[PDB]
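One chain comes next, on its own, written out as C-alpha cells in the form deposited without its partner chain.
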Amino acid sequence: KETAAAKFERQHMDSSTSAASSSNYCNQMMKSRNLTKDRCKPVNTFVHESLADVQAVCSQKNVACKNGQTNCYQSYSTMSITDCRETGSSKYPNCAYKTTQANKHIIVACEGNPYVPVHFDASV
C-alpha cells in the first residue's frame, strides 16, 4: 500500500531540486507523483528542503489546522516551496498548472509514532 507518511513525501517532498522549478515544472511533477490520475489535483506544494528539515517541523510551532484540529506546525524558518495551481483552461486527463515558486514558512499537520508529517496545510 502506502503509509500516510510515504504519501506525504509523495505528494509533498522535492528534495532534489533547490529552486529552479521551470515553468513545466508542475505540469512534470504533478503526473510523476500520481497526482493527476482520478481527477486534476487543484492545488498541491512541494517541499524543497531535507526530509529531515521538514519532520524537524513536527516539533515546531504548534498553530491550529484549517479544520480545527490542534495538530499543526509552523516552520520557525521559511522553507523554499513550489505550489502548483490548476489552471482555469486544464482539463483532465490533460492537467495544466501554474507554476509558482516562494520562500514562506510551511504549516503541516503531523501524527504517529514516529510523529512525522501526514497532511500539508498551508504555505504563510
Given for the second form:
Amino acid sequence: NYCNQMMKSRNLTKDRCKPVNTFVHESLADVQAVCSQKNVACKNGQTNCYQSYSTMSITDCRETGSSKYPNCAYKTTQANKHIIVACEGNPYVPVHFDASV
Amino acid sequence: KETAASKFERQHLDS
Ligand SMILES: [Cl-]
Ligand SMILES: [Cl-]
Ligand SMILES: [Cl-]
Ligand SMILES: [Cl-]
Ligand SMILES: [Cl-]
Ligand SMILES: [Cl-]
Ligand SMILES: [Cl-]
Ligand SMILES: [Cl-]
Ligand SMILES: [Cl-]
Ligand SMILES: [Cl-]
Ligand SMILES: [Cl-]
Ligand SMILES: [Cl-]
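Could you switch over to the form deposited with its partner chain bound, since the one displayed so far is the form deposited without its partner chain?
Every chain and every other molecule in the complex is listed next, the one we just looked at coming first.
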C-alpha cells in the first residue's frame, strides 16, 4: 500500500515504525502559504499555528495494532481536510504538522 | 544536516 511504500521511501519506517504520519498532496508552495492564513492557537499553548482556508488532499497513515518493527504495517485513509501547521523561521515556513480538520 | 523545515517536507509533502 501507499503508506508502507511512502513511509519507507521518506525514511519513517527504515529505522522504526512511526505510529502516525500525514502526507499532503498539494504543492510545497501552497502548503507554505498556510503560514500566512488563519492564525489559530496551538495545542501546546504556543500561537504560531495556522489553519488553511481550504480543505487539502491528505493521506493519513496509521500503524495497525499488530504492526511491529521491522514489519511495519499501515492503514491508509484518504481525506480532504483543513490542515493546521506550526510555522517558524525566516522565511516563516511550516515546521510541524499538527492536525487535519 | 536536515533543518526543521526540511524534516517537515520529507515527512509530509507529496505534491
Ligand atoms: Cl524521521
Ligand atoms: Cl519502532
Ligand atoms: Cl516512533
Ligand atoms: Cl502527522
Ligand atoms: Cl511542489
Ligand atoms: Cl496544534
Ligand atoms: Cl487542548
Ligand atoms: Cl508562541
Ligand atoms: Cl490523525
Ligand atoms: Cl474527506
Ligand atoms: Cl513550533
Ligand atoms: Cl532548523
